[PDB]
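One chain follows as structure tokens, the form deposited without ligand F42.
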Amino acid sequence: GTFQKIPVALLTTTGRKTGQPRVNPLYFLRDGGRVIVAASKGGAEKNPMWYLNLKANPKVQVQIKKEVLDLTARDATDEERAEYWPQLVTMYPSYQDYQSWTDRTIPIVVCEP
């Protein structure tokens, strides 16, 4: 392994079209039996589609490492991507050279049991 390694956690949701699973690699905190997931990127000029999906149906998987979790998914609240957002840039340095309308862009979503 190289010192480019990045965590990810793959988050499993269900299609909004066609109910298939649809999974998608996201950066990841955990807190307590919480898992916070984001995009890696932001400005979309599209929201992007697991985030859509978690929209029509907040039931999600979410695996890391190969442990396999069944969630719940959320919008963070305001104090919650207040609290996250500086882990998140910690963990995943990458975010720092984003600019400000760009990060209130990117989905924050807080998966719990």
The other form holds:
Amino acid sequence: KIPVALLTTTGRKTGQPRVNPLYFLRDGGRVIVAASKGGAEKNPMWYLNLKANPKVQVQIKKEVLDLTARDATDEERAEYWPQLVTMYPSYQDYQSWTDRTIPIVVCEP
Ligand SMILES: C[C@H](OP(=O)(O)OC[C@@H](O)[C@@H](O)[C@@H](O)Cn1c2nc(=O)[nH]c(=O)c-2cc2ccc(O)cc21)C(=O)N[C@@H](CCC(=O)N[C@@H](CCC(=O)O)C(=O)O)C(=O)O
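What does the same protein look like in the form solved in complex with ligand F42, given that the last one was the form deposited without ligand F42?
Once more the chain from above appears, this time first in line as the rest of the complex follows.
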């Protein structure tokens, strides 16, 4: 239905690789994900991990991409958020129900 990307982050405490499935957009070499965690009030751990260890790896089907993750800028959110919402409308609910602003993470070559 919606394909997932596998995001590997380095544990910001343990240093161990952690892998999580996420929905994604691809734009010009970038992989974009949202740290929505089903509308939970706290950011997911993988987001905390990539804040401490920006080098991540993303696997989409066969491709294994070595990327550097960062938060979307305001202008990027305005471009990507509607695309994410179009793809998976629940994102908009999750954003409504959560106090924190749901991070949009841009992973770049
Ligand atoms: C529960 C925790 O996961 P998390 O990193 O908080 O991520 C929560 C969710 O985002 C994650 O489960 C997503 O995969 C859920 N999820 C999506 N989550 C999203 O946020 N966005 C999505 O688009 C998304 C899509 C999706 C599709 C299918 C599916 O099955 C799940 C999907 C986890 O895996 N904990 C591990 C590892 C935790 C970890 O990374 N530890 C760090 C320390 C972290 C710290 O305490 O600071 C370390 O090793 O050093 C553990 O405790 O054993």
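Residue numbers count along the first chain shown, from 1. By rigid core we mean the largest C-alpha set that fits within 1.5 Å across both forms.
A.B. asks: Where among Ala44, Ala82, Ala56, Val68 does the Cα move by 2 Å or more between these two forms after the core is superposed?
C.D. replies: After core superposition, the one over threshold is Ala44.
A.B. asks: After superposing the rigid core, is the C-alpha displacement of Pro21 2 Å or more between these two forms?
C.D. replies: Shift at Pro21: below 2 Å after core fit.
A.B. asks: Does the distance between the two CA positions of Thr102 reach 2 Å or more between these two forms, the core being superposed?
C.D. replies: After core superposition, the displacement of the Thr102 C-alpha between these two forms reaches the 2 Å mark, so yes.
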